[PDB]
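Throw the hints in and build the complete structure from the sequences for me.
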Amino acid sequence: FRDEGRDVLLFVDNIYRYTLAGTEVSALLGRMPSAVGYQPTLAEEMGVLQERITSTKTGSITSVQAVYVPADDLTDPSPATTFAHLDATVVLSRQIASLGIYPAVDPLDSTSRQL
Amino acid sequence: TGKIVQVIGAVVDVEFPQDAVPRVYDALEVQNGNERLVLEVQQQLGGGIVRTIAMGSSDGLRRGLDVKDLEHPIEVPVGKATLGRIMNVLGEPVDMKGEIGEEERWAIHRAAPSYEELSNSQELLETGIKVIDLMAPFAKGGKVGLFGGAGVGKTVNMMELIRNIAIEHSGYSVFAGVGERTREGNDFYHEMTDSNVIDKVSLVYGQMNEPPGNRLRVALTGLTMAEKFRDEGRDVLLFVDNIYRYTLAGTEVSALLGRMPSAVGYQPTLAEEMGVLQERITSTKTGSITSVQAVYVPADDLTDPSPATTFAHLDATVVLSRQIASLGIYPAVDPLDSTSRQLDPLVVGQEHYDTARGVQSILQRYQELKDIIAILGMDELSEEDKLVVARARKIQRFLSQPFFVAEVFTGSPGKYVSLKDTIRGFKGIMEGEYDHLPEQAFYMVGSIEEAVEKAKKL
Amino acid sequence: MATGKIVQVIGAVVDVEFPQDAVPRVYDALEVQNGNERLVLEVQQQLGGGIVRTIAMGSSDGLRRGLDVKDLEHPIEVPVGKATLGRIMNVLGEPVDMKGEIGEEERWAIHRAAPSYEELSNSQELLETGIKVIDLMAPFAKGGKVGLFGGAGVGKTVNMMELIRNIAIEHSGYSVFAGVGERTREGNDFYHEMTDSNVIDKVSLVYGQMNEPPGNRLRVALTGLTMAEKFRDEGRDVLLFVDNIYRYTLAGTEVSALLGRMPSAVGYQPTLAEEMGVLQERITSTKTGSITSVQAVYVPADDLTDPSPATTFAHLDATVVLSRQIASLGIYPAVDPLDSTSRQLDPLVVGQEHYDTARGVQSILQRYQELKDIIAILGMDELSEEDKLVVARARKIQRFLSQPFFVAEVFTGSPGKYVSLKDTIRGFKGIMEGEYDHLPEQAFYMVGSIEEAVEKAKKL
Amino acid sequence: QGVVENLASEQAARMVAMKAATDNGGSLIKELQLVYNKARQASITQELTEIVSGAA
Amino acid sequence: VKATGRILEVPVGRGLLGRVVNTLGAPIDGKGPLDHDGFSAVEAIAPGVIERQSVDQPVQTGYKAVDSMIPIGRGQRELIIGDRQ
Amino acid sequence: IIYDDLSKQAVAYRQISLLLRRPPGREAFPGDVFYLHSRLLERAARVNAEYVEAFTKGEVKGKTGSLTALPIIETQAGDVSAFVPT
Amino acid sequence: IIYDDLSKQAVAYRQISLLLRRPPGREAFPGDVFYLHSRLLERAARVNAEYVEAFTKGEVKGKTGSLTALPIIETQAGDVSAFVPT
Ligand SMILES: Nc1ncnc2c1ncn2[C@@H]1O[C@H](COP(=O)(O)OP(=O)(O)OP(=O)(O)O)[C@@H](O)[C@H]1O
Ligand SMILES: Nc1ncnc2c1ncn2[C@@H]1O[C@H](COP(=O)(O)OP(=O)(O)O)[C@@H](O)[C@H]1O
Ligand SMILES: [Mg+2]
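Residue numbers (the working numbering), protein chains in the order written: chain A, 1 to 115; chain X, 1 to 458; chain G, 1 to 460; chain Y, 1 to 56; chain P, 1 to 85; chain H, 1 to 86; chain W, 1 to 86.
Among these hints, one or two may not hold up.
[Unchecked claim] Derived, one-sided and incomplete: chain X residues facing chain W with beta-carbon distance under 8 Å:
id : residue
1  : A150
2  : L248
3  : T251
4  : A263
5  : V264
6  : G265
7  : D300
For the record, the hints were derived by calculation from the structure and aren't laboratory data.
All C-beta atoms in this analysis are idealised placements derived from N, C-alpha and C, irrespective of residue type, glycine included.
Have a look at this one:
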């Protein structure tokens, strides 16, 4: 659709389980495990996929992605690496959800480079 | 017929002809110099080679030694003959008396009883210990576990339970020393034989000086003897000095058997090994085995896989703790982790149930108040909170009790407390009848009356 | 004639193959003609079949898989003796300075066994530094290890230079500095500062830069150690300075990881304790000569239970702590007397008088540290006359701890002094027992001995 | 005069209580840090063991 | 060892209601053999997206906290999680 | 349907995997633990009447079949961060 | 008998066990560290006169031999709950 010249809306339900589907089969492929049991190729596997989602001069793709946060810890390598790929990051927090405020966006953590 | 090809610590590789390989749990015998050693098969490798565990010292074994294949598993004497004597893992006599005159020998690798063969009984059993039969009472025929770290009183508590639950039990009993101090076994033997109750207690000792093969299978042989006594229609009491050492022997052996390690350092078969050991120890419809087991937790870590996979196998778990012990409150039973399957109002009564739940509620609230007190002190609390602090401290002091078997370490005379007395005392404290007494009055006393008398002399 | 062939190159690890008669011993050294340069390999393991696994003591780039390797029969041998004084050298004993060839008469191997039980000194002795704070609060044992736990901004380099001068002049000994894996800029600056300070004449320097492969940084400490051992055999009492022992430990970890051995504890090498002991057990007093050592210590993540701090502390005999707070007051050397300790400070080791003097000083300063909080919160009107007297004597003691260094001549103009052990003990005994209560506190600042404090007070 | 004296007493009592709270807070810091250090060390050991064992 | 080319199948039917059975379909309650409506495969795949239907009917736990705050519907998947005992 | 302990199923599968010398992952559990639990749990569903009518070869019409699942998990000292509970 | 530091014997044995590629457990110590210390310490005991008489072949009669043993353990920051101390 982008190469036809149209403006496209792309919704991806979980980038996390793309990385996780990589992790399940990585060891069976003969690879040595990485820091937190991930595959050694996590960064490259993320990059090859996520650098295709761009707005070129012929057409534009606008994308919204849902990102799972294991154990509600933003320190994990998967959310950590996907933070570095996004224009705007709305950080939801389980603390604010448990307190009953909806949406559970953390106003201190959420930012955008268009601001 | 066969020959040894490898000797790696406790495990030995043996080669047999392609058509004469022993079965998975058969026993072999080898001549180590002038002495004979028994090996137990564990795995059949390819080409007629089998991995074995040495039931004795492995030093001095040259490769290229010939072995004899016995055509049966390890078999031990059982019954009336093994009733006043100390025995080894292989069923040999350990006391310097003569041979055991048995009519029958059973293989130690047997199958757990079937589902339709089981029996579940709600008939409650009483101990002289206050906290145990208040918080986590256990009935006849159910497994009791004593958790805790190092030097928190598991052995002393078990000795007290032996002394007290032998009062209302008439039949035979089996004691299994599994990887513990030789001195404790010696002292227990002399204590039993000086009270003339040695004619009913049967002893098996493989202690912490023994090689891994002996420690691993000693638990199984003790349980097997208990099976023989059970199936005569009797009710048996089975005491295990330490059930952690069984899994630890498995841990020491499993690496040399070629098994890739699981979480921490444990063998992949930890759950299955514990399940095989602890599921053939039950009360069937033709017998009953009441059992008390001590579970040593490593590094005071209750989240370790070895204790964590034992909590699901027990009817009454009692968790001793080091912090409670450091305060001098013996027995150091933690009442916020110890529970039982029999703590229900339909089986134990409503007054007992309510008293236990009230104790737990008060102590939980006290735990919550501790972190406020730590920073701010006691002054900033609400008056109700101060009341519950006072009553919780008094309850903690009242949980202690001077045992008869602990009279050496302390000097205080021992005490036996009935269930009615202890529920009356805790009910009285909970509703504030004894708010006028000092805390130290409740320390190391028996019934509440004794605490009042102590308060008179302060 | 070269008798070996390279068979593998993986990173900094080189495997070479020899005939079965000529297989090198474990720590032998081999040399290869890589490009136009000569590359030194240190053997680490004898695998089967005549293959030996080695670590390259230099850049591994450009090595082919068929190059001929020459087998030297000795381990790494470095020049030793008086010719090394004033020179900077690498791990292999070659000048990283540009002054020229080292005219040595003797070359020693860096690997050797520690002195035997029958070689140790028949008694235990104290070593004067001439610095009042150290000689009083944390005296060095002759042949003992000392840990410098200070940071930066405080005068670590100044203290090191002062000790080099004093060991050369007041005693008759030399010094060796081992730059174990540290920055090139700061090594250059240290060299020029010692040239300006006129102490370069009396120390020898071995640097292993951070940008060198892990084997170089691991072995540079042993190079400096063997030079110090030669000076010991001359009958001298030597000072060995280690720029950072933590870097030695960490380079050991890196080498172990490169060799592929399983890691222990918090990720350290399986042989951590042994390597530390091999380094430390050689720093002892012999029936003739001695090697005293000052070692800079960094604790990872401020964790005093971390295996590298825990292992290191088992070998330290004394601890010297440098404080920014003490430096801000202008007191130099900026040694905090409350955190610095030595296990020589016992009455039957140092003498009853010296011990009780040290106890008195430490307790008085502690009491002043508490009264300072009280005075800040309430005020000096609350104090009693006894309390006030304690405060005044504590101020005098704090100032009497300061001392002018010879290097401090250029920074202050003060000529610099050397205080004997009995002199400092007498001065602090006098201040504790009430004598000189009539002097002003500024009489004791940078004044050297107490007999010169009274002269300053005479002029003041 | 009674009221003024009681306010002086109040300030004295508050300063004593605050000093006690400060010392107790330092006490908790010096122990939570030990728990933290042991936790960090154990976590690093576990993860490294997983990596090395998973190399197989 | 012979290789019977069939995947693991288990007895299934209405006659299993009230029976205690092991993983392979063998009764262990001791109340006689089963009365099964044929066999079925243990390892099968789930219905697809087009074959689903939404959840709008309740199932009562009988408790108050659960049925009020955290309701369960017919077709739902609820995780009951906590410590031991 | 009640799965009284999914964690014990996971442990049994871990034992099978390690005895088979398959490569281990986080907390020694193999990576296909998620595949195990996912392909198990997604079998619990509600199916539309067209599916029921097609399966029963026309015998049952106008009814939606449904299966509700209640898996149970044991946490060790409340550590939600563990692999299997996550 | 006095053992100056059993914890550093444990360190030496850990080094030996890791150089032989034996998989370690808690705090990277080998699985048999407990056995090392158990068989070392259980050799200290008090023996009855019958054992001495059997051992000395009757040359020593009516006396009990004994071997008291006080080992030393170092613990970091003064906690007893560590693996080797426990
Ligand atoms: N009332 C008491 N109950 C239990 N132990 C007590 C009591 N009073 C004092 N102690 C002391 O507590 C010690 C711990 O006892 P015990 O050996 O049974 O503990 P444990 O948890 O079984 O330890 P281990 O597993 O190391 O043998 C006793 O040896 C004794 O010195
Ligand atoms: N005895 C002294 N007399 C005068 N100034 C001093 C003295 N000791 C330290 N200083 C001052 O403080 C600094 C100490 O830090 P320095 O040794 O330069 O740190 P580094 O060695 O890390 O560069 C000196 O450069 C000097 O400015
Ligand atoms: Mg005990």
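Status of the hints after comparison with the structure:
1. Interface hint at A150 of chain X: satisfied, since its Cβ lies 5 Å from the closest Cβ of chain W, which is below the 8 Å cut-off.
2. The interface hint given for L248 of chain X is met, as the beta carbon of that residue sits about 7 Å from the closest beta carbon of chain W, less than 8 Å.
3. Annotation: interface hint on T251 of chain X holds; nearest CB of chain W at approximately 5 Å, less than 8 Å.
4. Annotation: interface hint on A263 of chain X violated; nearest CB of chain W at approximately 10 Å, more than 8 Å.
5. Hint status for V264 of chain X: holds, given a least beta-carbon distance of 6 Å to chain W, under 8 Å.
6. Given the 8 Å rule on beta carbons, the hint for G265 of chain X holds: about 3 Å separates it from the nearest Cβ of chain W.
7. With a cut of 8 Å, the hint placing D300 of chain X at the interface with chain W holds, because the nearest CB-to-CB distance is about 5 Å.
Of the numbered hints given earlier, the model fails hint 4 alone.
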